[PDB]
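Here we start with a single chain on its own, the form deposited without this ligand, put down as structure tokens.
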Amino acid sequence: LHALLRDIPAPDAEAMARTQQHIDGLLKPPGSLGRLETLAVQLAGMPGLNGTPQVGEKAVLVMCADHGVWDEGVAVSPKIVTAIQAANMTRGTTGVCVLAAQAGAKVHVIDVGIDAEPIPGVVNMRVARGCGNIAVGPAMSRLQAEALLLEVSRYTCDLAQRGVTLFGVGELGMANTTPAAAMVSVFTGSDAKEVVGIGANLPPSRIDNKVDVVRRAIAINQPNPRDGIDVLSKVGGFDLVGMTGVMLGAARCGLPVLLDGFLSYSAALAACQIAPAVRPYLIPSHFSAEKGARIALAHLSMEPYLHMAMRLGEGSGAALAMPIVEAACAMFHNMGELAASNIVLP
């Protein structure tokens, strides 16, 4: 794991320069394609991409797990929905499945800690039958966190070997917006009230209790903000840990990762805390409708492309932005050049 972190590659400045120059000569006024140009150069700097913006196969990794904090009444969704939906992921009827198919991406469902019998068809990396209730203790042990990180990380890089060049990260876990808020608060030094949202339609009344639970989790565990692993293990979850693992693996493999929503931003904060080298590999998708979104995004210095008021999760936003990535590549590769049309601009 030290190795892992040690070996994350830096972006290829040379490839990026070449990229920029090529983009500048395309059939348009310089800089006119805005963030599409910026995205393209960003991809060019990614070592697993072979010096040019390209997209091979696409995959969306969905990390599923249950949380003990559910017992604190912070979620109106029945706990069993995690297991139900996980099964549904195998049948292609879920939101992320539908959008991924639309984007030509494959969905990988991973059970990192569902509190139910194992589900056939789901990748089994289960740590436990749900994590500990962060309200009264840690979610898990540091060892457990590290091991899951390693395992997911590896799994991710392995896919790379099979032609995957673009990852999407997502989750599924009833009550997961609670640990997500706790992490955000901790990492950004924001107060709980400012980052605690409605999650999956939590009634307005119930908010206060959710805020209290978050505060308690923090007071009781005293996670160290300078230690991302410490934070994850204490007030995080298996699903949160697995998402961070995808980010770590993609980065190590020198490949791009598309973020999803709020939950994903939390995992991204942890990943960047653990290894800043991860940053350049992350690509935002949409601007989540969860209350704590703006703060979390400011801390990652990220500006999403999509404003859809989405808050479903599952990696649905990631799948939705995939076409944008492909767009930047198409632009890079298929547009004609100014010089070829004898067009000369000041």
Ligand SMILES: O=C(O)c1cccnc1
Given for the second form:
Number of protein chains: 2
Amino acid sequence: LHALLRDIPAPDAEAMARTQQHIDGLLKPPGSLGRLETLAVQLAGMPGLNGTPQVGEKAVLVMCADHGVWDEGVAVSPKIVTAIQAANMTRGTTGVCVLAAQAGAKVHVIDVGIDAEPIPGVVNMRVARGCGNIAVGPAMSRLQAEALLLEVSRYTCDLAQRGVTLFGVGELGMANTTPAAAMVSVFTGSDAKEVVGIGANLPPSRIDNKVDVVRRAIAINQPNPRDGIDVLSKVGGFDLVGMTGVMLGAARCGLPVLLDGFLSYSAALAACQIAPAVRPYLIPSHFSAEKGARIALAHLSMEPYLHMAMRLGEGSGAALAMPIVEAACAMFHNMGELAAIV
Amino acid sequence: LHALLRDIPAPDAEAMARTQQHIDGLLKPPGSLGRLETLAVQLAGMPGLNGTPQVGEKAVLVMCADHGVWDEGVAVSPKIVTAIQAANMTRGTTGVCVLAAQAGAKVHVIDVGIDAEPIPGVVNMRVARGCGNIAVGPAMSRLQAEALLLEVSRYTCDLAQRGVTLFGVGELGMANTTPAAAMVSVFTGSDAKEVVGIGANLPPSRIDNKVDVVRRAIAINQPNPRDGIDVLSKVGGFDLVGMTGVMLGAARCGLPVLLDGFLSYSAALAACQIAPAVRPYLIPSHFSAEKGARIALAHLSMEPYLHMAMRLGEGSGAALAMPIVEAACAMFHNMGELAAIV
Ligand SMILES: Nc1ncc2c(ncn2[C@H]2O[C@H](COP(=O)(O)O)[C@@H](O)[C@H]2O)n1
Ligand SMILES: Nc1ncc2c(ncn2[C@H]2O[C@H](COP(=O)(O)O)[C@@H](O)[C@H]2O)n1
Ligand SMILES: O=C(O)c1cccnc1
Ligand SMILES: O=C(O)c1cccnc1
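Got the form deposited without this ligand; any chance of the form solved in complex with this ligand too?
Entire complex below, previous chain first.
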């Protein structure tokens, strides 16, 4: 894993300078396409893209797993809903599947810890049948976290060798907004009440319990904010670790990753703590309607492109933003040049 | 024109109720797809869409024209740039053309007042060779404004009969952010300094002149804020009137219209003043980087989906948002149902 992290490439400043010059010369007032221009330059700097903003094959990786903290009454849906929705992912009927198809992306469903029998058609990388209950101890061992990080990282970059150039990250796991909130509180130094949300329609009367569970998990585990792996293994979950792995993998591969919502923000906070070199490869998609979204985004220094009040997860937001990345490439390659007005 | 306005259909509450019920039953926590759900219901209420959110053919209408106010030194580009860019629109090299192609939409270029010889391949609806200089008098006569409104309205709804179900509005005209700012000041009751921006890269040292020109245009013409046509004819322009016409036309046709940037906001303020029944058919796209954007959007009660710091115009933002409208339809029609989890 040390090797992996040490081998993440820095952005290509030379390709970026050439990209900036080319964009400035397009048939439009300089800087008029705003963030679409900034995005094109960012893509140009990613080594896996061959010095130019381009999109080949697209893939959304959905990390599925169950959480022991579900027992603390922090989620309104029965625990089995995780397994059910994972199966539905193979049938193409879920929200991320429909939005991914609309964007021409392929969805990869990965089981890193569902508490049910293996689901056919789902990639098997399960660590255990659900992680430990963070309210009374750690989610997993540090060893388990590192192993999963490495496994998902290799899987992600291997896809790159099959033509995939743009990744999207997603998840599925009842109760996962609880460990997500705990991680955000720890990494940002914010109080749990300020970053704990309603998740998947948790009744307002049950919020107090959720805030209490989050505080207990932190007090009992004492996660070290300066060590992203320590945080993940203690108050995170397998799905959260898996998303972090996709981010580390894509960056090592020198390729872009589209973030999703609240769960993905907590995973990105961990990834950037573990390896700052991953930051340049991260691309925000939408601004989650989860309470702790603003705080998490602020510490990541990111401003999402889409304001849709979305809060579904699954990587649905990441899929919705893919056309935006393609548009920046289309702008770059298809617009005429001023030289061809002063 | 009175007939036209009187015949704009109210939204179909029955189709909307059926849409809401259907969306609530999809394979996801109720309301989790946020504004994508709200958009689907809004589309369902538009009579031209046959009781269901759907997108057939897509078209962006770009209204081109020159302005006499250019002589007051409010724009940095030579006046000929309007004619040049209009020609480029036919070659598919402009920003809106590239983004429209990416969204599978067709661009219609309409000349409602360019100060140059007719451009082949451009739809001819020119009123005059540029409008009057708003700093010393009106842009045009009320008669001219009404005539153009009616003409563009009929053209827009006629396209509907050719399969077009989604419109996008755009413009081209050096110096047009000046009359746009004047209209916004008048409709919102805001001071010119608060809504006058840099347009297409106007140097910071030239802003004072622009604010002064805007104030003079208002003082000299005395436009009545309660009469949208009076405002348009006095301190607007042919391109601005044309965009308003597309909005009135689409609404009469019972079809959705995607707004673009700052210029389109001023046109939408006028359209809603002229006929409140047009409001339900308007769909925001992006949040323009023009100074007066927030104020204009506030009076329209609209929250754009995209935050791209864009300020190009041409209907480029409208094209960028089309995939978002299609995604709401895909969600509606392709997601599975919960009945098929409680
Ligand atoms: N039926 C259903 N329910 C929740 C879903 C989902 N698709 C995504 N999610 C989202 O809700 C969960 C997090 O919310 P909480 O912490 O309240 O349990 C995760 O599964 C997340 O992906 N489908
Ligand atoms: N080369 C060029 N210049 C301006 C352009 C453009 N495409 C769109 N615009 C935008 O800039 C103009 C408004 O800004 P101002 O009021 O400062 O003149 C309009 O033509 C608008 O469409 N291409
Ligand atoms: O922001 C998200 O991705 C999210 C928010 C609430 C519940 N599930 C997912
Ligand atoms: O918001 C717009 O559409 C815009 C802003 C500045 C210059 N041209 C267009």
